[PDB]
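**Q** Okay, here's what each chain looks like letter by letter:
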Amino acid sequence: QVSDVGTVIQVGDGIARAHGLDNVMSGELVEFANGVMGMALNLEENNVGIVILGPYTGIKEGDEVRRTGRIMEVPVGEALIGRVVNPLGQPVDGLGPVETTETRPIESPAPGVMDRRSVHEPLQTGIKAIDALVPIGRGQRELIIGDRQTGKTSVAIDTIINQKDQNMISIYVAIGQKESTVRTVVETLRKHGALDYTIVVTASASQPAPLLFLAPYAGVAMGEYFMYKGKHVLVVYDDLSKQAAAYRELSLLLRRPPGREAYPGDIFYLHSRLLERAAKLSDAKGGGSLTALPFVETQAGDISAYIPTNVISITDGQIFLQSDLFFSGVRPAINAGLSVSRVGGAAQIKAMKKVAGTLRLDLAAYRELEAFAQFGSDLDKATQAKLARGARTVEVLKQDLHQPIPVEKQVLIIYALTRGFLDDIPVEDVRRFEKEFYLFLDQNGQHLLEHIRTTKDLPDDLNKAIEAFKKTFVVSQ
Amino acid sequence: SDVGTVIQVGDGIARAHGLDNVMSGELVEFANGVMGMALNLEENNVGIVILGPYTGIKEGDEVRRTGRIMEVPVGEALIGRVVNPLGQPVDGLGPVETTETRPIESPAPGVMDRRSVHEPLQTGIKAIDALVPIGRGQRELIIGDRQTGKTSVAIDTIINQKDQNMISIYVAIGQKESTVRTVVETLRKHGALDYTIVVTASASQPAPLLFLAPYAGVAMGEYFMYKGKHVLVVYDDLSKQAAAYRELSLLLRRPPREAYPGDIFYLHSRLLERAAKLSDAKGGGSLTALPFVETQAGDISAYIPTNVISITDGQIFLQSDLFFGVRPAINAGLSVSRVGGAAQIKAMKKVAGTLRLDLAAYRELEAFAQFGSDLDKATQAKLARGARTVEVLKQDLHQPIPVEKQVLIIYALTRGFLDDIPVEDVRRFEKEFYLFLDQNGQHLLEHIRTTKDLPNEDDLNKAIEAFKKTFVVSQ
Amino acid sequence: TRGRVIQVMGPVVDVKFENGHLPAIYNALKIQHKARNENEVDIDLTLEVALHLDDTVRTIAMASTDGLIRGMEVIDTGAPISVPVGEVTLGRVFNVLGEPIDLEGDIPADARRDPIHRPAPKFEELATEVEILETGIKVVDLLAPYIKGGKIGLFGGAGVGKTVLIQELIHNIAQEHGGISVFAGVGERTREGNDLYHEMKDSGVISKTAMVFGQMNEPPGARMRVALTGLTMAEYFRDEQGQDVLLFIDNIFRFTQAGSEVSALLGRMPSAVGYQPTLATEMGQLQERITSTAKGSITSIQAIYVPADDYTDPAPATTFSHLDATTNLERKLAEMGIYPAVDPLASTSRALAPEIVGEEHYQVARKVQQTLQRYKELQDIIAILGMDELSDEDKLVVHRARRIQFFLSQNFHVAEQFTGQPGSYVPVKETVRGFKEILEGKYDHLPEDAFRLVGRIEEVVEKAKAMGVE
Amino acid sequence: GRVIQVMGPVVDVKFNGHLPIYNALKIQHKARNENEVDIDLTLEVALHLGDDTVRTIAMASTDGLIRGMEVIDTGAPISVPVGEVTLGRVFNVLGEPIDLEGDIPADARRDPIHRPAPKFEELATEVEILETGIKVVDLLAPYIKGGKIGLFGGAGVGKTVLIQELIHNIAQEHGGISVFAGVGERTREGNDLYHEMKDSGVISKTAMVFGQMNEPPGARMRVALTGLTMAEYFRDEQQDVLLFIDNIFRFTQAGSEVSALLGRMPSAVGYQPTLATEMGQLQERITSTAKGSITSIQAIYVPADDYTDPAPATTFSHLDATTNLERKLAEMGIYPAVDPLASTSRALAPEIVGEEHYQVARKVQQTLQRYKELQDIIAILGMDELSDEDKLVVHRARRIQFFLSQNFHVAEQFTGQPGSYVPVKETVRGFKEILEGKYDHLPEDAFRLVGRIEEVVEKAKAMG
Amino acid sequence: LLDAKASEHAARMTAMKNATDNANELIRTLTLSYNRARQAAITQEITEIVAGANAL
Ligand SMILES: Nc1ncnc2c1ncn2[C@@H]1O[C@H](COP(=O)(O)OP(=O)(O)O)[C@@H](O)[C@H]1O
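Protein chains in written order, with the deposited numbering: chain A, 24 to 482, 485 to 502; chain C, 26 to 281, 283 to 350, 352 to 502; chain D, 2 to 54, 56 to 472; chain F, 4 to 18, 20 to 24, 26 to 243, 245 to 470; chain G, 229 to 284.
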């Protein structure tokens with residue numbers, strides 16, 4: 024009792040060194056007499072560094088600091104689904120409180136080596152570019168790295184919006200992001216109906232660093248619930264670059280010895296011990312999954328930056344979004360070159376597995392080739408042929424926004440161009456082709472795309490081959 | 026509450042106990058007789074910046090208050106007198122008899138105390154008064170590599186201030202004392218000390234002096250300014266000041283980008299700010315600042331250089347990359364003037380305007396000129412005078428050119444009057460057409476002066492008077 | 002509630018309140034000391050609590067600290083810096099402390115002056131659907147639409163008409179939208195500032211806007227707070243009067259710069275490039291305060307000086323993360339007589355998507371750019387092959403391209419002073435229609451100089467028969 | 004005193021009221038037992054640490070010292086024997102004869118190695134060029150009598166040899182009082198030079214002051230002051247003086263060695279926060295006055311070939327003439343490897359060197375630069391796509407950049423070539439013809455390593 | 229001509245390889261000097277960030 028509370032020596036910059044608390048656990052919640060919560064990080068001999076989670080102005084010296092005896096845990100339950108809450112779980116969406124029975128501690132160990140099963144079950148992103156070239160299975164970790172205003176968010180969004188028929192209970196963690204955006208985003212979800220499966224955890228750029236720091240882990244916690252049940256979760260940590268930064272601030276304030284680029288020595292441990300918490304649970308455990316989508320905002324696109332590098336090596340591959348592509352009006356701004364998915368292919372379904380194999384090729388050469396057109400005034404060789412469907416695939420890889428594409432009628436278009444059933448059509452008409460080639464199927468191939476569903480295979486090859494002509498032979502120009 | 030006791034003495038800096046009454050930045054006095062400034066007022070001691078030799082000081086020595094904020098002698102006695110930052114004359118012409126005394130750190134004119142600079146400061150160097158024009162009360166940073174013509178430019182400018190009412194103040198921070206001599210000497214040769222002061226803190230002097238040099242000069246300048254006269258202050262090498270102040274700050278163990287103090291920006295900010303144009307409600311006074319910065323390798327992205335740039339209104343960058352072609356190495360590309368054009372008179376404004384365009388293309392068509400004629404069409408045309416104009420912007424050392432005739436040559440080429448002549452005969456053409464202006468015709472050689480504006484002869488006159496000398500020139 | 006100065010480190014002061022009182026963080030502490038002898042100096046100096054270090059507080063002096071003597075008592079105002087708000091601030095120029103620096107008198111003791119430190123709106127208070135802000139400026143509303151309640155970047159400052167734009171903006175909004183503007187100089191060039199004042203006096207728009215000057219000559223504290231001060235004045239007309247205001251912050255870079263400077267005297271550990279470890283967070287609590295709540299909205303135009311044209315520096319980086327669009331002013335377009343001098347390619351906007359403007363704006367917009375890109379690249383050839391050969395299409399482009407990048411100028415309300423042309427407010431709708439048609443080539447017969455400095459597409463017509471066309 | 008703290012070369016000697026700055030403390034102690042060693046050391050008061058304590062900088066190995074020993078204040082800075090006795094002798098950092106010939110008289114004047122720099126009234130202005138016989142220098146960067154010459158160069162660039170060739174070309178024929186202080190430089194050089202001084206016939210008129218690589222920091226700290234005070238004698242007490251300081255870098259370098267232990271806040275690169283000023287207080291002292299003239303030539307080492315390094319960088323603003331040596335030019339075989347576009351002199355004026363010499367001067371530099379710019383193309387596309395005009399510039403330039411090579415008498419023993427002193431009128435002329443194209447026929451290699459232009463024609467025919 | 233041109237294109241086909249190849253080596257020579265300057269830089273930045281902390 025006498026020990027289990029303490030008195031504030033120093034206040035400022037979201038940090039409080041208190042006396043007493045001789046019994047606080049490193050990582051124990053500590054409440055201030057003013058009601059504002061906090062966390063004990065530095066347990067030293069004569070004092071304890073705390074990181075104030077909330078307004079630190081209403082805190083002066085001498086204010087009492089009383090322990091809790093709990094390690095930073097957070098609400099968890101089937102009632103958050105559809106609710107917007109902060110890293111503390113405190114609803115900010117302004118509709119009632121979140122009524123949940125259970126709870127889970129933020130800090131948690133990851134499923135053990137044995138505990139998991141090699142990812143096989145995919146995640147359909149609904150984005151041709153992604154789930155063809157850079158495929159993502161449930162339990163995987165795909166870091167989408169890119170410079171601000173490349174669409175990084177857009178992807179995550181349309182991805183989530185693509186989770187309705189799939190069984191995926193989605194969680195969007197917003198760190199450092201403008202509360203402005205996070206709102207307009209949580210809404211466009213409202214409209215597409217993502218809230219029925221989607222949890223939103225926010226800490227904006229107005230909120231104190233410690234909240235940013237806590238938001239990611241607070242997110243996985245809520246995910247972990249559905250995972251250890253056997254359900255499937257998808258966590259989008261939007262911008263770890265900021266969270267990782269928020270930690271730097273907080274850690275520097277506790278005057279922790281700073282490392283390379285000022286980041287603390289455990290900055291790597293930070294993310295590592297976080298991302299691992301997403302995986303595929305072995306059938307022995309109910310075969311659940313939690314897939315993680317780490318964002319990394321890049322300056323100038325320097326992949327060689329300290330933080331962006333760590334997370335690159337941490338994830339299973341990444342998706343690198345070109346800064347220029349985005350402006351030139353190519354959406355998504357994917358860079359097929361650097362973008363790679365390591366777990367790839369066990370994630371894809373046979374029906375994609377085939378028509379995807381060649382997709383990388385055609386696009387490969389085109390990347391190494393089409394640096395030359397203006398000098399190609401002499402256009403030569405068959406190198407003209409590689410470009411041919413090449414410039415055409417790009418068209419097929421260009422997708423709309425807020426308009427996901429089901430695998431069924433996706434494998435077909437990724438089929439068309441890769442078989443030549445597209446090639447006779449100029450690029451001008453490629454986009455506005457695949458558009459009705461869908462409807463043409465939704466009416467007349469609605470039988471064909473079925474076999475594609477129920478078998479995830481196309482052994485199909487014969488029918489479609491002719492069945493594709495049924496369309497070009499009626500299309501406009 | 027008045028007296029104090031030294032507890033550390035080293036490197037021109039000392040920390041002493043006592044002095045419970047000192048004001049932040051108060052001038053104190055040691056036992057041996059030298060002064061010092063108190064910067065830190067720490068709970069348990071005081072950071073004193075010893076303003077002179079720190080040999081004659083020991084631990085325990087009494088450091089007695091003054092109750093005076095730093096300040097320096099300012100008067101019409103300083104004209105042509107080489108004095109140190111403290112006012113003490115080093116030129117040996119005897120003491121400086123001054124009446125009034127101005128504080129070093131002084132508030133710059135408010136946002137309501139200023140006026141838009143309209144008064145050009147003629148540098149006399151064509152390339153500058155045509156391209157990057159400077160106005161009265163402006164700040165034109167001239168930054169460049171070791172020995173690019175920095176020192177020589179400012180000097181020529183000062184030397185061109187005979188006609189105009191300008192009181193030059195040249196400071197040499199960290200500069201070589203011997204060098205500052207040949208500078209102050211070469212100034213008397215041309216009779217510039219008749220309006221011009223000199224603040225020398227030589228590299229041998231203690232850092233805090235170099236540091237205090239610049240503020241010491243402006244003070245002297247702000248004198249005539251607030252009074253209604255126009256001043257010109259040359260800060261020669263602010264880099265060394267910062268290099269100094271860093272020392273000063275690092276000695277006082279001030280938490281250190284690139285070891286320079288967080289406040290290293292504020293250092294130059296609160297300085298160059300004190301140069302402006304006081305509103306006509308205040309006597310239309312002005313102080314122009316010509317700060318210097320020594321770039322290593324020409325790296326303009328360096329800490330100090332970005333700082334001094336983010337401050338001055340425009341800057342003139344001097345490559346040596348060149349004075350080993353176009354001489355007074357003036358990189359027409361990077362060099363800017365914010366104020367510019369509001370500085371130049373109606374005589375310059377109309378001609379100097381297209382001077383930019385002509386020079387522009389040439390800097391920009393020049394990834395083209397190879398093709399040459401192959402077929403380049405109308406663009407070897409824009410090239411022609413382009414390659415001519417550079418010759419015009421070429422000027423010889425220590426040869427200031429008056430505005431009047433200056434806007435005439437910057438006229439001739441900008442209308443074709445120079446094209447019938449080869450690029451390699453332009454320099455001669457200046458010498459030539461100008462003498463014959465000084466004799467042949469004479470009427471337009473000071474109209475441009477009197478009105479200082481506009482046609483300079485309606486059109487036909489100039490235009491045809493340009494036909495005069497062209498038609499009389501040589502091959 | 003009275004303490005005494007213990008430490009003076011440059012702009013940083015350490016006050017000590019003996020017991021129990023302890024001015025809360027962010028509270029403003031006055032020091033009014035009258036010289037008690039010939040060995041001292043008058044002091045009127047206000048401070049802002051930073052941190053409680056032993057019943058001790060540290061502070062950042064908004065003005066100079068010279069003349070301070072250890073022990074002078076400090077007086078807690080009980081509240082942070084608070085500045086006047088309302089119609090009272092309109093046409094009035096204050097300083098960091100909300101003290102009028104003009105000659106037009108002084109603020110009454112009746113005036114409500116809110117604090118400069120407050121938290122941004124609650125998640126449930128913001129705008130749901132993103133709504134564009136019509137500026138009536140062709141270039142903008144077409145290629146770089148301002149988000150009403152966002153942060154627009156303004157790059158390039160030197161002889162581009164930057165001021166007309168800022169001024170014209172203050173004009174248009176307050177004209178068609180009925181709202182105020184608040185100009186905040188944050189630590190950049192007294193000289194420019196003094197001029198803008200006079201220009202807004204002449205432009206007669208200063209009647210519609212309140213100014214604040216934190217210039218490059220003030221100490222860290224001032225520069226660091228001015229943005230907040232000018233801010234608070236803006237928030238008033240939104241929260242209280244439901245208006246959509248425009249808060250201009252000239253060089254918001256000085257804000258985060260001045261920040262690090264002090265951070266060192268406070269004692270914070272150096273971060274990436276010396277920058278205060280608090281950087282991102284300081285900038286956030288500043289920016290997040292600028293958005294459109296249920297009632298009103300604040301849209302801001304910031305001018306960003308990048309640290310030596312380097313876009314990877316912490317300062318700029320951090321800012322861009324709040325930017326919703328970028329308006330680039332090029333020193334090229336002005337020369338060619340295209341005012342505004344906004345680069346039609348470089349200026350981007352987030353709200354330039356069909357989702358936020360629909361196709362006809364988008365379709366037109368992205369097109370008007372493309373055609374402009376052609377006329378750009380071809381420039382090289384033009385200077386090689388003359389106007390003789392370009393695939394006899396490239397001509398058609400260079401035709402429309404000119405008419406288009408020419409029709410991207412406009413009659414500015416704040417240009418009537420030296421020109422006489424009344425000026426125009428062309429709406430997005432009217433603007434889209436004009437380029438629509440110019441793109442359909444239905445104008446290809448009107449001489450260039452007809453689309454040059456006009457209004458709606460009709461004003462090009464009358465400008466034309468004025469040439470003599472049927 | 005009583006030494007209570009020994010840190011490397013930095014010793015903390017504790018002292020009421022005794023408090024000796027810049028003074029020399031000698032520690033004279035005798036081995037009391039077999040667990041000790043005889044200590045003869047001299048500490049230079051550095052700063053006052055307070056509590057009646059002082060931090061000192063040793064002049065030799067501090068090994069053997071112990072806490073509680075006894076320190077004596079000589080009550081004055083490091084005093085060094087100065088006078089007409091210093092001629093033909095080798096002193097220490099302290100002014101001790103290391104030449105094993107006698108010692109110095111007690112009557113002899115002992116000056117302190119710390120003086121204030123001459124005032125503004127003292128130092129001279131006047132200009133006089135000085136011929137070195139070096140084609141590059143004389144043409145592109147001429148030296149000045151009583152003026153300060155820097156030699157900037159990285160490791161193994163030819164600094165030393167260049168100095169030798171100067172002392173050879175100048176010191177021998179001047180009639181002046183020579184003072185040569187090798188600072189932190191080689192130990193071999195000392196013996197190479199000392200015993201060649203005897204051959205030649207000046208070891209009368211030259212003052213030898215040494216400290217080399219084996220001496221601790223404190224030593225090199227002052228060897229540049231000790232030697233300066235020597236020359237300062239003949240200048241202010243009597245004639246013109248040639249001050250040869252070999253690697254003034256080692257001074258600043260040793261500086262950083264101590265700066266850490268002083269408890270100083272490191273500056274850029276980890277150099278002493280006083281680097282600038284410490285050099286300011288030792289430079290201006292090396293200057294000519296109205297009393298006597300001092301023409302000094304200092305070797306400046308370039309750490310890692312970085313001219314942006316605080317040491318040589320900060321040094322630049324201390325010279326009236328510079329010669330910057332490049333490793334590139336060195337591997338080219340161009341010796342001395344002297345940057346023809348970097349090296350400068352305040353002398354290059356028409357108002358100093360004459361017009362004829364001026365215009366050629368720039369003319370060379372002009373065409374050397376024009377070749378410099380062309381180099382990226384050559385390195386990518388060869389010379390094939392260059393104009394018939396730029397090519398010519400490539401030939402001239404090269405042959406001019408080769409003729410800038412020279413035979414240094416202090417070379418021969420290696421290469422085997424004798425050597426040459428090229429008169430200024432003959433350098434000026436030689437390049438003229440080359441720029442004027444009388445030689446556009448002769449191959450490059452002919453112009454490599456020669457004297458007067460005539461020799462090129464000679465070595466030319468020898469080619470075939 | 230035909231044999232002349234055949235040469236031309238060829239001689240150019242190659243001269244445009246020599247340049248490419250050479251240019252490619254200019255990378256190696258720079259990649260190296262970039263890494264080195266990549267190193268000394270990340271070393272100076274860090275040394276700066278710590279040396280500014282020990283100062284507190
Ligand atoms: N003028 C020259 N002629 C021929 N060889 C030279 C010349 N200058 C230097 N060298 C060669 O270059 C090397 C460097 O010599 P040195 O002068 O000791 O360089 P540094 O003193 O700058 O380290 C020597 O081994 C010498 O053989």
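Just so you know, these hints were derived from the structure itself, not from any lab.
Any given hint might turn out to be false.
[What the hints assert, rightly or not] EDC-like cross-link-like pairs, simulated, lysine to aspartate or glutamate; straight-line CA separation at most 20 Å: (1) A/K376 / A/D289; (2) D/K17 / A/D86; (3) C/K404 / D/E379.
**Q** Now tell me, hint by hint, if it's right for this structure.
**A** Consistency of the hints with the structure:
| no. | hint | result |
| --- | --- | --- |
| 1 | A/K376 / A/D289 | violated, 40 Å |
| 2 | D/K17 / A/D86 | holds, 17 Å |
| 3 | C/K404 / D/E379 | holds, 18 Å |
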